[PDB]
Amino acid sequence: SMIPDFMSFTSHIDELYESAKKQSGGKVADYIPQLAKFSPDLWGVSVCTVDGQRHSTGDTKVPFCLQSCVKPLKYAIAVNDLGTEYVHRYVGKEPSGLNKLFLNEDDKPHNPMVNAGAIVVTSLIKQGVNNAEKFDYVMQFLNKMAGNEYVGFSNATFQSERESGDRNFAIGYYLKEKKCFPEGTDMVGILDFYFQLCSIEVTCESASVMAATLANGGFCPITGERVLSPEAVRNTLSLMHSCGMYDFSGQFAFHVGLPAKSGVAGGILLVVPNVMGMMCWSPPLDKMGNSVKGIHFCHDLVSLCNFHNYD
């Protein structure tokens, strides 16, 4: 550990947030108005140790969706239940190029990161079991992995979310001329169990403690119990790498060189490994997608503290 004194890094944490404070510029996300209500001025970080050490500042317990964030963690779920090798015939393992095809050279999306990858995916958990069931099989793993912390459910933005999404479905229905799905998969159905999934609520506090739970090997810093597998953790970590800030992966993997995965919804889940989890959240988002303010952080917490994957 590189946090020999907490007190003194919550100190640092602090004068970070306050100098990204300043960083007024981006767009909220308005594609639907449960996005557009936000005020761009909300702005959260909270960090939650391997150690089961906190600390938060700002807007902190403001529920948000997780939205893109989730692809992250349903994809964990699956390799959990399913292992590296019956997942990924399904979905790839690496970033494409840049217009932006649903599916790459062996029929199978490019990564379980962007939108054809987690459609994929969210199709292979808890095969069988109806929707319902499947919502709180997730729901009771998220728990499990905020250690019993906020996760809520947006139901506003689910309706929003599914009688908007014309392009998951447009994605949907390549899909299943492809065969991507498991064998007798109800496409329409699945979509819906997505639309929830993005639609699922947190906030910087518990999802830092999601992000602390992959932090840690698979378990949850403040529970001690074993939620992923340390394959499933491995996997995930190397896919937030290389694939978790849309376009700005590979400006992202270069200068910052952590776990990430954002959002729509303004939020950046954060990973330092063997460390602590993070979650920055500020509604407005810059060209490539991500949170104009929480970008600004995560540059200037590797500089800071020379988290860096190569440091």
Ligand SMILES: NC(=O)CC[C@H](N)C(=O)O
Contents of the next structure:
Number of protein chains: 4
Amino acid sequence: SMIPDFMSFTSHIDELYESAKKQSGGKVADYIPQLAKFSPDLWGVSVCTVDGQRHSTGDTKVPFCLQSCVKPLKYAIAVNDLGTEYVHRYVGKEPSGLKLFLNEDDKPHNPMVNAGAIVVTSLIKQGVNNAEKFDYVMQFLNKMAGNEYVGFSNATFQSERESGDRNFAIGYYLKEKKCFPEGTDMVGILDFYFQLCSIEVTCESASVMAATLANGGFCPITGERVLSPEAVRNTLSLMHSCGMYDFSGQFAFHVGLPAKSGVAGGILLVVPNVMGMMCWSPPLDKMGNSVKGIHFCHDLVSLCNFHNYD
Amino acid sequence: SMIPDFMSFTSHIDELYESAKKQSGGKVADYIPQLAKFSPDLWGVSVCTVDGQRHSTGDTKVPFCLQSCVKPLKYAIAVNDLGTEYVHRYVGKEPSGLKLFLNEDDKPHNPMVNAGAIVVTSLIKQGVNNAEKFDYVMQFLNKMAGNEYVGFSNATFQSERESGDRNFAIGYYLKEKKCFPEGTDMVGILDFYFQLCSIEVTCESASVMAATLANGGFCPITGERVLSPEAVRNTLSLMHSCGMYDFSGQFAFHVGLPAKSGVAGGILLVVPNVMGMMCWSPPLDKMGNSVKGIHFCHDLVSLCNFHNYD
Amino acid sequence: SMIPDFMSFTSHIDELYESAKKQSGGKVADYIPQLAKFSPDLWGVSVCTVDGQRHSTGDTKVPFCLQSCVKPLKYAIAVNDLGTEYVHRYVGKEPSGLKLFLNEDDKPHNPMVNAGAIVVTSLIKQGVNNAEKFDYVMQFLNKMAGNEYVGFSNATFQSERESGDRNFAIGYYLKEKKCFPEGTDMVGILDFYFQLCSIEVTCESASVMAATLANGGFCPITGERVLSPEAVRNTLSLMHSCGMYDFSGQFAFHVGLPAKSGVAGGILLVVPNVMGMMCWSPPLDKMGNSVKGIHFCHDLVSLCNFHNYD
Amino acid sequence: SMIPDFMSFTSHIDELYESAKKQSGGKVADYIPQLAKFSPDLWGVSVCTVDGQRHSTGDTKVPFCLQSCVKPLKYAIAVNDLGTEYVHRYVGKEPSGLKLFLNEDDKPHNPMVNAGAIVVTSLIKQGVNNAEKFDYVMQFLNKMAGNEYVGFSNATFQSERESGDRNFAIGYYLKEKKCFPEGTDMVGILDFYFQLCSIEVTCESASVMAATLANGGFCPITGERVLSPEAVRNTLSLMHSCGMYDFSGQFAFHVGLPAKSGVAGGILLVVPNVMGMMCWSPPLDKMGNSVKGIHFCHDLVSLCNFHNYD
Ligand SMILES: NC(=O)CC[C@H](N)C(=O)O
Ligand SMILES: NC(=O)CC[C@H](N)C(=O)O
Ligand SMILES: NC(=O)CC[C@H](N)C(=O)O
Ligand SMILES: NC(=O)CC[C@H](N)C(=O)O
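Having looked at the form solved without the named molecule, could you now put up the form deposited with the named molecule bound?
Starting with the chain above, the whole complex follows.
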């Protein structure tokens, strides 16, 4: 709908891509070597419509870690297998202000912040071991990606775990406040958490995952039903209000599209009933969002009138 | 679009209306006599589609004060006459946490909280006197309402002003933090603010105002352009995230529609490109939102799949 | 006690005075002209022992406004005429963190912050008019000063009132939270508050007031009982923990003496059962405390072992 | 000084002891079995003057864990071996408001809160192993106690460590914020921390430790110099403002004596240049302070005029 000529739309994406390219500011994350390795010049943009029409430009086949971009995905999985009610007995449904803490009900504010993602992680495939849990999610991500590139970075995982003092603090804190389900191995969940953060994708395979969320839960390149409508709706609501760290407020105001950024430089973008996208460029701004990515998103909406309330 | 039979849709509204009616909980605001006067049993619901199709049920012709429901409206007017950039040099674009204060830039968090509404009020028709300012806005509201009922409550105004110690505190505070434009008569602005809060409407005339916002700024019963597209988009974004007091987060999550509640018991609802609505029922919940109104909104979305991300 | 030779003690004060003099940093308050007028070079130090032995050095006879230095004094008066229990039904007994707000009981944190001082001001000589109230306190201050210099600055008063937007905000806020006694004219109390802030003294007359607090409530140069033992004890406790704005914590730690600073550059110091002091020097530091004054206080304690726990 | 007849003073202590006894309210800590074991009726009070005069009443020989009562003690040790400047490059010097966090300089607010105690613990006898560290402190406590009862509770230690999720969260958090000295084994420090909390004493041996702090750092029953004057002064200042959890403000106001309470029900009290005391009674109030202990302290000051500013 509302394209209506993909061919010409593609020309405008390449133009926006070229415009963003000139934006060289930002700093590449360096709290671990696996992130510092990256070149500030890498810049890719992949699109995947609700039909299955594709289009890439730039470094769209270089693997990078999802990092926080995986948060909305595992949240979607949890809702899908447990439903809205159960999942939210453990995590909130809205944004907070700026810090490590819980809301008035002693629950993480939402699934998009670390504390929430950690709790969400303790809800998935409970009972089985980490290997089975990890495998189960990889299964899911493959279906969301229509079987395209979905790898894993052991180096990232090892570095994330060995330097995640803050996530461990959050871990013990949540355990103290009784935020996990009965009989949870907190340290085991953090391990699972670090692993999920280390899953690798490319702009191309990620854009398909986004397209699945944009297509009411159906993978546009296989037609298969991956996530329940409830799961997709919840995920998009939270991506709309809590997906860009502290820039979420302004992003929702000026762009108005469900999105989720990651420290690796990615930005999982969704245009409901239209397309899925993945912008990637290592240099991040003060807010922690890909500089070229944010610039691109602004241009995209101020060109194709995609804003939620346009 | 997506109705497609108004006749049958109307039958479902009356059913939802009847269901909400059974909800008798809540307390009628009583900080001033003009609000305490109201009967907890008053309950009206008016709809006005993007075409101009109407439908009411219940006490839809009993005048009541807009109160906070006027906030998105005057914000729309300001953006319309001054543009996004200017207006936001004075007020934020996002929700806050729970208190009287400003954000990191010493500006009210958004136009939907008192401090913000007060600042927005100081931007409209600057220079002229209060009588001209008030008249100017009444002009605007008449156009938004397609000339339907738009009155004024002097009793409310007098009570609001004589008992608004908190708004006066906010007033002096904003003056101290230099939040108003050069040469602003703060006390005069609060007066204007109290007056705007006292403007009266009925569910029927209000639903038309909502319909105008739902119709990209065009009044659906006169076809006239009232607000600029920019103004409408900004207003809806802020209504989506900051329109239900502290219930905004959950409302956005479970209902996902731009809305604004008032202490008088009203709820200005908007379904983009579809219809405008006004629910009214004096009994409010702990959050300050009309009990019958909130119940109705939940049912409406969980029936007609109107949620922003359905 | 523990002097034991005033003559030699005096020599060390002059030496400390000379050392502080070299400290030229700081900025003179300038939010109103009456404060900006002052020369950064003014520097006086007056002592008044528990006996009545005096000693001055520097600009000890130039009148300056008490400003916040009057807070502990009016608090003392209130306790004296109403007792600990009554006064504290309206104001707290301890320091807070960094902002305009009340504690868990909706009361100002303590008498040393503006909100608290304003509430304390509404408790004194209730019923009578401002002229009688003002006169009553002047009476008290004369007795505390042993009839030495106690004037008034109308220019300061007029400027304080015409530019005190923040105090007015606090005023309306306290009125809203019902922090004043039944039937209080809030605006009248702020007026009284501004007047009290405008009372003038000299280092010499102020040091006698301090000496009275140091002498269990007896003016050391007239022997008269001015304040009740209860009043003096409460005042000193609060001066020890809340008398130096945000520097109170560190002052209590490194100096350990009851004290109260003012924006005029004064520092009302008290050495229990030994002496009273008044340091004055317009240039203030980031914390709002007289630079030469703070330097002097540190030296005084690190020389005569006057620290509360030495 | 100011007794002047110990014999008669003792009679008044026994009377205060008897009065407190009637206070049966409170709840015995039960987060671990070692604390829940205790009888709510246990109640002892031991005094040890600056001379060496002793006096006990009640259950003064039943061993109990210092718990937080050890905080001022290890702080004293650190200052003693490292001096004020070094120790405070890691921890603050003042009270905070109500939560897990650091001050504007990313340091624990003070040595009396957990985060601070943990950091202080990482400063003592750096380099050596835990066994040597633990032994070193036991040495110190023996000297402070004049060789009286100083034991250890392995059961408490084991329970403290196996259930201290919050302290572990604080641990990882401090490590993340770089609050420990270079090359610190955080987990090893928490272990040391739990051990220190498990050291046992009796009211009698503890009162001697308090007496040492009251005697400028000299153990009143051996005459030996245990702590440096600097160490003692710093410790008392912090005990005066941060020793009673959230009741510190009011304690400082109404009692005005350096003190430190513990979850075991103890209250290490100090009357500078007069005596040391240890009150013990398992039942704690909402604030976490021994009910009989707080009652006793109030009576003691309102009888013997011991308040800092009496
Ligand atoms: N994308 C992110 O911000 C995640 C960063 C890091 N892996 C964490 O979990 O804290
Ligand atoms: N609807 C509202 O909550 C407004 C209440 C009141 N008139 C105010 O401005 O504070
Ligand atoms: N000494 C002071 O800080 C007082 C300043 C000013 N008169 C006020 O009351 O706010
Ligand atoms: N006395 C106390 O409050 C200490 C309790 C516990 N051992 C802790 O360190 O948290």
